[PDB]
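Student: One-letter residues, chain by chain:
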Amino acid sequence: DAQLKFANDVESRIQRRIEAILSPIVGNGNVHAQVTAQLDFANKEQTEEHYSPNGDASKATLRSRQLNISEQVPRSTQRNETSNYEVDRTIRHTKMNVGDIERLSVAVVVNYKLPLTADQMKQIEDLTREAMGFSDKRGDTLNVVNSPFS
Amino acid sequence: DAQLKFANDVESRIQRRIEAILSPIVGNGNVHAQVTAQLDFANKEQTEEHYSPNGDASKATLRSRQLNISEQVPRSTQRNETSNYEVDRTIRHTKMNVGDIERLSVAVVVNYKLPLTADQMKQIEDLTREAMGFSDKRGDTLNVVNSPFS
Amino acid sequence: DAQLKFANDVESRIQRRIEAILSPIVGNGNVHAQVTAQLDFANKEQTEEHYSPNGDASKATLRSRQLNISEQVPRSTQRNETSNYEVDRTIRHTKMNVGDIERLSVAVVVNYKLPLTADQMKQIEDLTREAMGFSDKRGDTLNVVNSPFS
Amino acid sequence: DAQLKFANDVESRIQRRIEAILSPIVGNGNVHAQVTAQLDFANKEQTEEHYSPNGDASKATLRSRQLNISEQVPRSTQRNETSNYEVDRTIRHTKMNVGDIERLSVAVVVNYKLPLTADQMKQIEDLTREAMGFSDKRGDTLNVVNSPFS
Amino acid sequence: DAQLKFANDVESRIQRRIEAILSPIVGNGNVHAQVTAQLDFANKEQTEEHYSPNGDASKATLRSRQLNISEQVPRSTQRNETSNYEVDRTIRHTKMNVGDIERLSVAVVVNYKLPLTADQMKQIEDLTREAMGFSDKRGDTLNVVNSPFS
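These protein sequence lines map, in sequence, to chains A, B, C, D and E. Plus 22 on top of the position in the first sequence (first one is 1) and you've got my numbering. Plus 22 on top of the position in the second sequence (first one is 1) and you've got my numbering. Plus 22 on top of the position in the third sequence (first one is 1) and you've got my numbering. Plus 22 on top of the position in the fourth sequence (first one is 1) and you've got my numbering. Plus 22 on top of the position in the fifth sequence (first one is 1) and you've got my numbering.
Be careful, since some hints might not be right.
[Claimed, not checked] For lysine-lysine, the following DSS-like pairs were computed, each having C-alpha atoms within a straight-line distance of at most 30 Å:
#, chain 1, residue 1, chain 2, residue 2
1, A, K66, B, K66
2, B, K159, C, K27
3, C, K117, D, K27
4, D, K27, C, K159
5, A, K144, B, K135
6, B, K144, A, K159
7, A, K81, C, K117
8, B, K117, A, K81
9, C, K135, B, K144
10, E, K117, D, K117
11, C, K117, E, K117
12, E, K27, D, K159
Think of the hints as simulated: they come from the structure by calculation, not from any bench.
Bound conformation, chain A alone:
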């Protein structure tokens, strides 16, 4: 129902931003872009519970203790040891948001003026990458191609 409208709005934002940043370099209307946004709407909760290790005796936190030591001499021995500890704790209750951007894909066409060089193409690709909100974490994809218009 409304999910399509929300996705369309996000795509329109990113498209107008890319065109508005790249227009002053190449011209008024010699560039077009279309973006496809993979939105996620799955309601999601979470509850971590982290404990810091207290195995090493250097920073254990003893609340109690009992250390009995017998020794006879045929060197019989004995060593009992009860220990009650205290432990750190961290608890988060993260309730994710419905409507985030999980992945993007952008295709941009640039006009001749007649080929545009390689350095200018690379810097234009870089401007677009930075204007998208690019992130190699989400697996985003970009491809800018140069071909004469008609």
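Add chains B, C, D and E to chain A, keeping to what the hints say.
Tutor: Positioned in the frame of chain A, the structure of chains B, C, D and E alone reads:
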């Protein structure tokens, strides 16, 4: 719904600030910038509970104790020791805010006047970095390019 | 919602103060500054509980005691010792404030008059640092650059 | 909300005081100052509980006692000793105030008349330090610079 | 809120007193002073509980006693001794006042007439110190400087 409007407002703030600081150096309208803000809306709580180590006998905090020591002479021995401790404690209840900036990305175009030199470009990049609120913690990204306008 | 307005007010205060202190040295309007304030709105509590160490017998605080000592002569021995202590205590309930400044970033442009020397630039940087409320604890950043206006 | 107004009032007080003390020496309006006050609004309580040491037998406060001593002659011995003490105590309930000054930073410009000498500059710095309410505990910072006005 | 007004009143009192005592010596209006009062508003209670030592047998206060002594002759012996004491006690409930002066700082300028000598300066400093309510306990600070007026 409103998340897009809030993000648009934040982006507009940062954009107008960058342009207003960089305009007096390069000219009235010979620079443009577009920023993409990755906002986070996930409701999040937290509860730490930290304990200071009292393993070392130099600063333990004994509440009780009982130290029995027998010894016969065939040097039989014995050593019992019960200890009850007291421990420090820290407890925080951090309820994060919904609407913070998790990551930024800024693309800026500067005009010729005809190339601008390298030192001026570097100081302009540095001004922009400082005016953004840049932070290598959040993974922010900046790229300023110089190309003739049309 | 209102967080942007509060941040804008804080930034306006710091900006007007920096410009008002630096204007009489360099001129009426030959300087501009823009500041970006990283505000924190996360509601936060805390509860410390500190205990002073009473391990050393020089300043323990005994409430009770029982020290039995037997000895026979084959020098058999015995030594029992029960001890009940009293301990210091400190308890704070710190409820942090929502709306503090976690980090600042300031960019300032100064006009030619034609380069300004190095000593004057250093003292101007120092005036700005002192007028900000600078603090190397919060990780604040400052950068003042000199470039001709237009 | 109102925290900014309170901070502005405190800063105005300190600024007018510094200017009013330093004006009669250097002139009517040949000095300006701007101060940045780091105020603290975190609600804070506290509860100490101090105990004076009674380990040394020179000033213990015995409420009871029981000292049994047997001895046979093969010099067998015995010594039991129960002791009940009384201890001093101090208890404070300090509820800190919301709105104190945690740190200050002052920047002052003085006019030529043409350089002002070093001794006069040092005594002016000292007057300002004393008029601020300076304190090396809070980490306050002062810097007075001399530069011709325009 | 009102704390600033109370502090201003205290400062005005001390300032008018210092000027009124120092005026008849140096002249009608050839001296100015400005004081900065560090007031404390933290609500504070207290409860001491002091016990006088009764370890020494010279002034113990026995309520009961039981001293058994056996002796056989191989000189076997025995000595049991139970003692119940009575102890002094002092209890204060000090509820501090909100609005006391924790620290002062005074800066005074005196006019030429042309330097004023060292003895007169020292006695003027001493008059000011005595008129303040000076106290090396609170860490108060005074500095009087002589410079020509304009």
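Student: Work down the list of hints and note, for each, if the structure agrees.
Tutor: The hints, checked one at a time:
1. Between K66 of chain A and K66 of chain B the CA atoms are separated by roughly 12 Å; this keeps the pair inside 30 Å, and the hint holds.
2. In summary, the hint linking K159 of chain B to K27 of chain C is supported, as the alpha carbons are separated by about 25 Å, within the 30 Å threshold.
3. A hinted pair counts as satisfied when its Cα atoms are at most 30 Å apart, and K117 of chain C with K27 of chain D qualifies at roughly 22 Å.
4. Taking the CA atoms of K27 of chain D and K159 of chain C, the gap is near 25 Å; set against the 30 Å cutoff, the hint holds.
5. Among the hinted pairs, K144 of chain A with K135 of chain B is consistent with the structure: their alpha-carbon atoms are about 22 Å apart, no more than 30 Å.
6. Restraint check for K144 of chain B and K159 of chain A: satisfied, since their Cα atoms lie roughly 29 Å apart, inside the 30 Å limit.
7. A threshold of 30 Å between alpha carbons decides the hint, and for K81 of chain A with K117 of chain C the separation of about 29 Å falls inside it, so the pair holds.
8. With a CA separation close to 29 Å, the supplied pair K117 of chain B and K81 of chain A stays within the 30 Å bound.
9. Only pairs whose Cα atoms come within 30 Å are accepted, and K135 of chain C paired with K144 of chain B is accepted, the gap being roughly 22 Å.
10. Note on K117 of chain E and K117 of chain D: the hinted pairing holds, with a Cα-Cα distance of about 12 Å set against a maximum of 30 Å.
11. Our distance criterion of 30 Å between C-alpha atoms is met by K117 of chain C and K117 of chain E, whose separation comes to about 25 Å.
12. Our distance criterion of 30 Å between C-alpha atoms is met by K27 of chain E and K159 of chain D, whose separation comes to about 25 Å.
Going down the numbered hints, you'll see the structure goes against none, and every one checks out.
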